[PDB]
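Peer 1: Okay, here's what each chain looks like letter by letter:
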Amino acid sequence: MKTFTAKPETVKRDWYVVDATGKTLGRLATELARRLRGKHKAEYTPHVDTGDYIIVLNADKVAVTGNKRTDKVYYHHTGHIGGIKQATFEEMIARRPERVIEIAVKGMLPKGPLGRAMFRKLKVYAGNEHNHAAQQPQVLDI
Amino acid sequence: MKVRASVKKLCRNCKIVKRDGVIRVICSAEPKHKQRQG
Amino acid sequence: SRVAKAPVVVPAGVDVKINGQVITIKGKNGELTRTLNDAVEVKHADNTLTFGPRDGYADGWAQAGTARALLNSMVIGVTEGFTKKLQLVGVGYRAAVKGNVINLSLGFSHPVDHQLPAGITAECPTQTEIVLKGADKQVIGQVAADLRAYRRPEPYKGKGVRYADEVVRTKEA
Amino acid sequence: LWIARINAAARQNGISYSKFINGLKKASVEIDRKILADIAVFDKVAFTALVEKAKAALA
Amino acid sequence: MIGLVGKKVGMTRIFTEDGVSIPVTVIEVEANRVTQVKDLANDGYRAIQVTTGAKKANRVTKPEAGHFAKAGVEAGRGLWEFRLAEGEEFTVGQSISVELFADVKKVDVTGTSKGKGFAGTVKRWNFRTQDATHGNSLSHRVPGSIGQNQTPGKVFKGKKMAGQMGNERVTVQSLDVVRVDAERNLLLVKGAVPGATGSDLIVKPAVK
RNA sequence: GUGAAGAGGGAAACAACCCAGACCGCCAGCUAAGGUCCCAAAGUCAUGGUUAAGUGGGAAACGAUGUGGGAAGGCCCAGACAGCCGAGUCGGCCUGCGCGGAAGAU
RNA sequence: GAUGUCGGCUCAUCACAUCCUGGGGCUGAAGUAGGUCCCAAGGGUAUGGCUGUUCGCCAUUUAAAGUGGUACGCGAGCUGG
RNA sequence: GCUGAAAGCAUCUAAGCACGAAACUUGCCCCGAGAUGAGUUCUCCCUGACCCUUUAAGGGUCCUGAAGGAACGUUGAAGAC
Numbered sequence: 001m002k003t004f005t006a007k008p009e010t011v012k013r014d015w016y017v018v019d020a021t022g023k024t025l026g027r028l029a030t031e032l033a034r035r036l037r038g039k040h041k042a043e044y045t046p047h048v049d050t051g052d053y054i055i056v057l058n059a060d061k062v063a064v065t066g067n068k069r070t071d072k073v074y075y076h077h078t079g080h081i082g083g084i085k086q087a088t089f090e091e092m093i094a095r096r097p098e099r100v101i102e103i104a105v106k107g108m109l110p111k112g113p114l115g116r117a118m119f120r121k122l123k124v125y126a127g128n129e130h131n132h133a134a135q136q137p138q139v140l141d142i
Numbered sequence: 001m002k003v004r005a006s007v008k009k010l011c012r013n014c015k016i017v018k019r020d021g022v023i024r025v026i027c028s029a030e031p032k033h034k035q036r037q038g
Numbered sequence: 002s003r004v005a006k007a008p009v010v011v012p013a014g015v016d017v018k019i020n021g022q023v024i025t026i027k028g029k030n031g032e033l034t035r036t037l038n039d040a041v042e043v044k045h046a047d048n049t050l051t052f053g054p055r056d057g058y059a060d061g062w063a064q065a066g067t068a069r070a071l072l073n074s075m076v077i078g079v080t081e082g083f084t085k086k087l088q089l090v091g092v093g094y095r096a097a098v099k100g101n102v103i104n105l106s107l108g109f110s111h112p113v114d115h116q117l118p119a120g121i122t123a124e125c126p127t128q129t130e131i132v133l134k135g136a137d138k139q140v141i142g143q144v145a146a147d148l149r150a151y152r153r154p155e156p157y158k159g160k161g162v163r164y165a166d167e168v169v170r171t172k173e174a
Numbered sequence: 060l061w062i063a064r065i066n067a068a069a070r071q072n073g074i075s076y077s078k079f080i081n082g083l084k085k086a087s088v089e090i091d092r093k094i095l096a097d098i099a100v101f102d103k104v105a106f107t108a109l110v111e112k113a114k115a116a117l118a
Numbered sequence: 001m002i003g004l005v006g007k008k009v010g011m012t013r014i015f016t017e018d019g020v021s022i023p024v025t026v027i028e029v030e031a032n033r034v035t036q037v038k039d040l041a042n043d044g045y046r047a048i049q050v051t052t053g054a055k056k057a058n059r060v061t062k063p064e065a066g067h068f069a070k071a072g073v074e075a076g077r078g079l080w081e082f083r084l085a086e087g088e089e090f091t092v093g094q095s096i097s098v099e100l101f102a103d104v105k106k107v108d109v110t111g112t113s114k115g116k117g118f119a120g121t122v123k124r125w126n127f128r129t130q131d132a133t134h135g136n137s138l139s140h141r142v143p144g145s146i147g148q149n150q151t152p153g154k155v156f157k158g159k160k161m162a163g164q165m166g167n168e169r170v171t172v173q174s175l176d177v178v179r180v181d182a183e184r185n186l187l188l189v190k191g192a193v194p195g196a197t198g199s200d201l202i203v204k205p206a207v208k
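Chains as they are written, first to last, in PDB author numbering: chain G, 1 to 142; chain e, 1 to 38; chain E, 2 to 174; chain N, 60 to 118; chain B, 1 to 208.
Don't take every hint at face value.
In silico DSBU-like links for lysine-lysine, alpha-carbon gap of 35 Å or less [unchecked claim]: (1) G:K111 - B:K159; (2) E:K138 - E:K6; (3) N:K78 - G:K85; (4) G:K2 - G:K39; (5) G:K2 - N:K112; (6) e:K34 - E:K158; (7) B:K56 - B:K38.
These are calculated hints, taken from the structure and not from any lab test.
Sequences and hints are given; from them, build the entire structure.
Peer 2: Okay, here's the thing in structure tokens:
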């Protein structure tokens with residue numbers, strides 16, 4: 001016999017909805033990445049995508065411990081000489097609240113085309129409403 | 001102000017305080033006794 | 002602790018309302034509202050308020066003491082009130098009042114106008130004296146400090162704006 | 060690969076891989092990981108039976 | 001507030017009774033016709049679209065003809081947009097004339113600059129020339145050095161070199177208004193503005 | 001003792017350090033050093049303590065009512081220590097974990 | 001069985017132990033001018049006589065004429081004292 | 001700096017409230033949906049019949065050829081092409 005392997009033409013996927021109010025950033029991102037990759041199914045296959053679609057609501061109400069609201073710094077570089085830029089957690093929450101969760105989850109996924117395709121099944125909103133009522137998502141408690 | 005690694009009481013009217021993670025000396029009699037550790 | 006173990010009496014003619022941590026006090030001179038820290042429990046028995054720590058916080062007693070002092074000041078201010086006095090020293094310096102605006106002349110080449118906040122009154126007995134009246138201790142102190150900031154007392158003569166009971170040292174050239 | 064699949068299958072019945080293997084060892088079952096993964100994918104009633112056996116052994 | 005679209009005519013001077021000469025640029029401003037109004041509910045921002053001029057019928061396509069006919073105006077030579085501030089309103093079909101600048105003092109003017117083609121460093125960036133004698137070997141107007149060495153071993157982004165110069169968008173700020181003539185459709189400003197004779201200009205009230 | 005003349009696993013990448021000496025095949029099992037939140041295989045295991053500095057994840061002489069543990073002293077319901085009545089207060093010794101001294105060139 | 005090297009010219013880029021401009025504490029700080037320490041890298045920071053000279057002395061200016069790293073930056077970009 | 005306990009006094013800080021620089025984020029000018037996360041608004045054009053099989057986002061024959069674009073010519077205060 002030879003071991004079973006999944007086939008991308010026949011794979012089931014479901015839609016879930018999650019709320020982020022008063023939750024810890026890293027301990028939420030771990031579960032999100034695990035379910036995006038598909039490690040909770042017995043049909044797991046390293047070179048195939050066997051994950052689910054997840055919606056996250058209330059992204060501007062996540063929580064951090066310690067003095068991280070004023071001391072966590074995000075860096076980046078522009079490509080021009082001297083172009084190093086930085087932002088703080090509070091400024092990020094004020095300007096672009098979804099990027100926090102997006103970056104946190106992106107850091108925890110495989111690096112390559114398959115990981116880039118995995119990332120496409122995450123939908124993050126900054127409020128309490130979404131326009132995916134035709135897909136009939138189910139409530140997931142993490 | 002005096003910026004030093006060693007801050008001490010220099011007379012009888014000096015007081016040692018800790019503000020925002022810094023040790024300081026404040027005097028009610030002599031403005032020359034103000035000190036800051038750094 | 003030793004300050005949190007002395008109940009606060011509530012004289013006749015004042016009203017207290019407590020909802021969780023929000024406390025309101027009303028009296029002949031006005032009304033004041035506050036929100037306490039989440040480690041103190043305040044109890045109204047018959048004629049006094051008592052303060053104590055909850056269970057599960059490591060700094061209950063300090064918070065209890067702070068709450069005690071704050072509420073004592075509230076009670077005092079809702080019946081009697083608070084007053085402050087300011088003095089001016091120098092040649093040509095003067096002050097006047099119109100509505101809720103104080104006009105100061107203090108040796109500059111432009112006028113100085115200060116706008117009082119809600120709940121504070123000012124009057125000028127002489128041209129070189131200011132008296133402030135109110136019901137909120139912190140606000141009265143902040144207004145006095147702001148007024149003093151314009152021209153602080155100097156060490157060689159003592160000119161400027163000073164408190165009534167302040168000792169201002171001087172030295173020679 | 061076999062170990063990862065067995066972990067996924069066991070956490071759906073309510074136990075973890077390490078405890079499941081310990082329970083099988085104490086129950087004297089000698090089935091290997093290849094066959095366990097095969098059964099996990101192609102037959103779930105039998106896998107539930109095995110998990111109950113392991114839980115009873117650990118109890 | 002809003003602005004207008006005009007055409008550049010030329011340059012001349014004005015003499016004042018006390019003996020001062022003022023250089024002026026002449027702008028021809030005809031009526032601007034409103035073609036579309038954009039609001040928050042439908043589009044997401046508040047603006048107007050305008051046209052001016054004329055165009056021969058045999059050079060207008062069907063889509064453009066329909067767009068004009070919906071508003072009920074004739075065909076011009078272009079379409080431009082202006083943003084609206086709170087408290088302003090217009091209606092489709094309206095006409096706006098040069099008397100809008102009756103009480104304005106300073107303006108900003110936007111246009112397209114003249115073209116110079118491929119240019120060198122002496123002219124494009126004001127580099128200094130090396131010596132004409134004293135042994136120079138074929139290096140008179142060349143740029144010189146463009147980097148350091150093994151560290152970093154490359155050229156930095158944004159280095160100044162040779163290439164296309166001119167023929168781009170340019171704005172000039174805070175020019176005085178010398179005259180507004182409504183009978184002849186003229187606006188006289190003081191100074192020089194970008195472009196050549198016969199080009200399109202955008203005029204707005206000063207922002208500073 | 002190892003490399004030279006030696007492959008495999010660990011220390012991110014790393015001849016000479018730690019574990020261990022490759023005759024050939026297997027889609028079987030047990031362990032060594034090192035590990036069990038995600039990248040990435042395996043405890044978001046159980047009981048009792050310490051730290052608030054992201055210390056953990058660079059560096060001294062010296063300075064300071066940070067905060068745990070211990071063995072002894074002085075004064076005090078004869079009214080002590082603080083300020084202008086009523087329960088404690090003062091300064092040394094040993095010890096665990098933290099804080100300042102702490103400035104560089106894509 | 002080859003990694004061209006001192007000064008000069010043309011062109012630059014970074015650090016902060018800050019020369020000018022900005023904000024402060026102490027003074028044996030009356031005012032005007034000064035002394036010392038803390039924060040701060042946005043912009044700007046000379047022409048000539050002598051010498052192959054980097055330096056340096058001298059004459060006359062300027063708010064000021066900063067100290068260092070980049071194969072003691074830069075010869076498949078120039079010169080050859 | 002204001003109010004304030006731990007520590008009955010005192011204390012800018014532990015809980016709360018207010019000022020403060022050419023450095024940071026904006027305000028001024030220019031590019032910008034290959035932003036593969038490829039977005040929005042207004043207007044214009046296309047309204048025929050048959051066959052085959054391995055029956056499906058299948059192959060072929062006849063009739064029809066819109067909106068618009070490109071090519072050629074006279075050229076430009078646009079341009080190495």
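Peer 1: Can you list which hints this structure breaks, lowest number first?
Peer 2: Hint 3 is the one this structure does not satisfy, whereas the remaining hints hold.
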